[PDB]
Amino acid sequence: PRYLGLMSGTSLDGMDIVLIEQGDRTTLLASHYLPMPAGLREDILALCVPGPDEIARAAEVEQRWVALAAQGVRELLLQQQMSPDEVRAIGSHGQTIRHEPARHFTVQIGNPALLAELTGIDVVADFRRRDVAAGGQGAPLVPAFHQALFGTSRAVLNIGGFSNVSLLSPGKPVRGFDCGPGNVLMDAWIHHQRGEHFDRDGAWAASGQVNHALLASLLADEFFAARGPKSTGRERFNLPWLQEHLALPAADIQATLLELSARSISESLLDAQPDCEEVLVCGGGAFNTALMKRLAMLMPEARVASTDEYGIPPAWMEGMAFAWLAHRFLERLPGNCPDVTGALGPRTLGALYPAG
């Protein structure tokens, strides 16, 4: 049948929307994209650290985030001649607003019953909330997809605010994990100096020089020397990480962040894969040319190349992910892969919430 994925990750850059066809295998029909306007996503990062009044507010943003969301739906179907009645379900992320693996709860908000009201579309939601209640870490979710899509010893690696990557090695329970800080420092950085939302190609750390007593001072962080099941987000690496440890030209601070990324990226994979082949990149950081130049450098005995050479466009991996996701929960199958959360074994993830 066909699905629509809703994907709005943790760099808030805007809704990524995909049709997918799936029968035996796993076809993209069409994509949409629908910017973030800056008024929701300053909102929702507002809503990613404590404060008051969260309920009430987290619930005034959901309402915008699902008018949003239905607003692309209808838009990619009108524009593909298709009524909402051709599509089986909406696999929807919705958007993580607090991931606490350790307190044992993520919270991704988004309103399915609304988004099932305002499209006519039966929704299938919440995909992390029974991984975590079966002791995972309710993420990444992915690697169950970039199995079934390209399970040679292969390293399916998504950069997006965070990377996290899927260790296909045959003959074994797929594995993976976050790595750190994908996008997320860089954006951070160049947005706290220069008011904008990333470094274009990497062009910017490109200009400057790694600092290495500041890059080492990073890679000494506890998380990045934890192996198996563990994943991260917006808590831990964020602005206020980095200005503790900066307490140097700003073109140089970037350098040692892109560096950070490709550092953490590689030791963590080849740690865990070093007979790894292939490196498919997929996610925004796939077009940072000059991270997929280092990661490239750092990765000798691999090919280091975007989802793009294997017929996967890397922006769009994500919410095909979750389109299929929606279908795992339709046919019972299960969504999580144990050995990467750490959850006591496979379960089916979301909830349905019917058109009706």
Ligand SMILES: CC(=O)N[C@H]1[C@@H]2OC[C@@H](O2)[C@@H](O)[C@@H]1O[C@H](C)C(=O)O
Given for the second form:
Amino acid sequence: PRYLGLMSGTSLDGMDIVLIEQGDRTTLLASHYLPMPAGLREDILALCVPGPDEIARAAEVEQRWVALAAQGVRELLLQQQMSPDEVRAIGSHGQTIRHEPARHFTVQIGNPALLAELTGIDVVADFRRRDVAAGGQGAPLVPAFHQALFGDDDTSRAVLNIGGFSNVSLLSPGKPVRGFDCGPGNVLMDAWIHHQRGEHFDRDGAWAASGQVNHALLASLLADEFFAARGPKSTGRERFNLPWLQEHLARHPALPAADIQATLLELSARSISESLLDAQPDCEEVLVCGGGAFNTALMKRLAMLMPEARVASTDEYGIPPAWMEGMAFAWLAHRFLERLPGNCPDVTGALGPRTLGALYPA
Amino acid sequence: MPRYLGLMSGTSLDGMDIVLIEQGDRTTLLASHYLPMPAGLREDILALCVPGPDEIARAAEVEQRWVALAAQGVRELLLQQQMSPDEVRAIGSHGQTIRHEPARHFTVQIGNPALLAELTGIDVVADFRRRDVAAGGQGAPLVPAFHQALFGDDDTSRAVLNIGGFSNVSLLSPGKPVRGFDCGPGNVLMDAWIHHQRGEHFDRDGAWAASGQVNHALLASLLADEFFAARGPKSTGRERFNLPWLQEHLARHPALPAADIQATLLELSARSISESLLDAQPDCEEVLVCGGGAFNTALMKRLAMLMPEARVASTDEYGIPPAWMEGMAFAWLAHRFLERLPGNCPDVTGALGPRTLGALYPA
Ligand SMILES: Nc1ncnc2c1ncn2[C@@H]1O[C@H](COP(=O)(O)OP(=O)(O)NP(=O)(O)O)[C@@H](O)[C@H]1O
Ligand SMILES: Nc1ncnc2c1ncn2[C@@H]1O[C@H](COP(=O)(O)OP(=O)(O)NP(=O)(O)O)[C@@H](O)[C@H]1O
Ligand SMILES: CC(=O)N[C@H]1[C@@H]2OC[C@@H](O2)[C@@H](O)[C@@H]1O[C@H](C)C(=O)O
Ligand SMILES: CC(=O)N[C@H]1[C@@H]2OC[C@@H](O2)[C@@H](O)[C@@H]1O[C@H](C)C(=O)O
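Mind pulling up the form solved in complex with the named molecule next to the form solved without the named molecule we just looked at?
Following is the full complex, with the preceding chain placed first.
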């Protein structure tokens, strides 16, 4: 059977649409990227902070989100010369607008009934909430998929997503899959360069690379309680955001903006490397996915901070780093429909294995 | 002959209805259980029915408590019936409407079905309205398909009329597609007015209304609302009919006695039902009344007088308790989802066509 996966992550760069075949293997068949319209991007970011009239605002924003998703699905199908009927189901994450696992809730918008109506394909959606209901963080969910791809008897591996947020899957032989969110990935580097220069992101980490790390600031940032925590943990824009950074910056006289950028890159690399090696000290291979894999400067620093391990993108292993998250949700649709568990209890802290998501039939 | 639970909490927020049916060749009400709505939860839910601050966080927390209460209701029914959760195929859960905006193409029912599934250990089918809305429909009312299944009769033009917080009718005309719509306020304003004035949750038997005098001028002004003039598919809710709405009209006429305003509100519900029902189904022979309005003696008497051509009676007279019809309908829709039989009526909702309604959250 073939499955579509739809992901729109933290970074709000665009929508990912993937087509896989699931048999004994998971094979990527096709992909399609649609950049996020600037208006829709702003309207989603506006829902990530508490504000007024959120029920109505969210209901309208998610109509536009779903329409874009359905358009992307249509475009992939046309490109591949396939009918919808050839696809078993779409696995749709939706869009996170609030993540408060401490308060036992997570909010992904993306009106699945409307996605089913527009695409003519069954939709499996709302994957995180059964994990949270069972006492879990609800995140990260990719570890079960990372296992399916890269679980190796002889090799101690970390599979590292660097999206807006970073998260790692620890694949240790003869051990439960573990993992967690490491902290910020691209989110603060993207925020800072956009705040300062109106750029979307820091191309190849060049701006960061042109600056010097500021020790006082780095120490300030790394002392956030999130970094000290071990075991299951998940985060989001609730914690790591421009106001948070500004608060730290206020405690010292002004710095060059590129030094701040440089420190933000070091924050990402340090929080990742230290949480990864704290959990899996005998790691021999770090398999990097997400768009952070294209930040040359970041990838260099990760290799330096983890000299024991080979740091490489998943491309080496036949999986494009950009499409890993899309692939995961396609996979999760399959897991739903076969009634196999989608969470990893030692990742999320949930009471046990759970079937994740909900079916909206065409 | 599988068994389904139905879980419903309507706009009146009086409480939570849990039903158990068997769905063989026909629908059989096996059991029911009623939970009063805790006062704090009722207020928290109402607070979400009007635009306000921090709604995403407030709704997420409120629904935790709604689901916990629903789950305890399910447990209590199963304990009373000496049943295991494994004996139930699925729960059909409407959730709780907090916003209904058909003209903006959205409707919002809270009630975290994944948590409901976790807590009950029973498969949940929820989120019934949004596929109909997706297909261009009102999303409401959804009972007509169930009403047709229960009471469809090729000999008799019947109307099945729910009088809850809001009123809605199912028009079962022999040889014709099922039609229907919300009629207007049911109990919502009579409840709101007596609570506003005296702190009562409802006007028992419509005795307070009956003591007052209908104000014909005020009545005409209320019935002049554009909603009442619309025909075909239409749906409404607290967004339209609420205390501010009444008060804008009250600031037309002099300082009326509160009992006269209550009498007027009763007549408003009676006239809006009678006028819309008769307009759509002049041939109506029987009006079968369900929902809590069936228990308002004064209202039922007025409906009878305003529709002298039809036999007006509660569904009790036809072997379904008026109180439990809605819960039964959602249990039935869980069934329809599983069998992939359509849940909507396009000539009711205005949708493009028949649709499978709801979403499955497996235990
Ligand atoms: N050439 C590059 N140099 C530096 N950073 C890059 C480059 N290309 C992409 N990025 C970063 O990667 C980010 C987007 O990665 P992505 O993995 O799509 O994030 P996401 O949206 O949070 N996750 P997803 O759901 O997988 O799309 C951008 O915002 C940039 O910060
Ligand atoms: N004895 C009675 N006399 C008068 N009114 C009554 C009586 N018993 C119940 N009611 C009314 O019935 C209402 C509740 O009916 P119910 O059928 O539970 O509505 P609901 O389902 O919550 N609303 P909705 O979702 O709009 O259909 C109460 O708020 C009262 O107004
Ligand atoms: C609540 C939420 O949307 N978390 C995202 C986010 O983006 C990265 C990281 O934080 C991860 O934990 C999760 O996404 C990926 C797809 C996951 O669940 O594995
Ligand atoms: C949006 C919404 O929840 N509408 C309710 C309300 O309560 C009565 C009436 O207005 C009806 O249209 C509907 O409920 C019943 C259960 C229905 O869908 O038939």
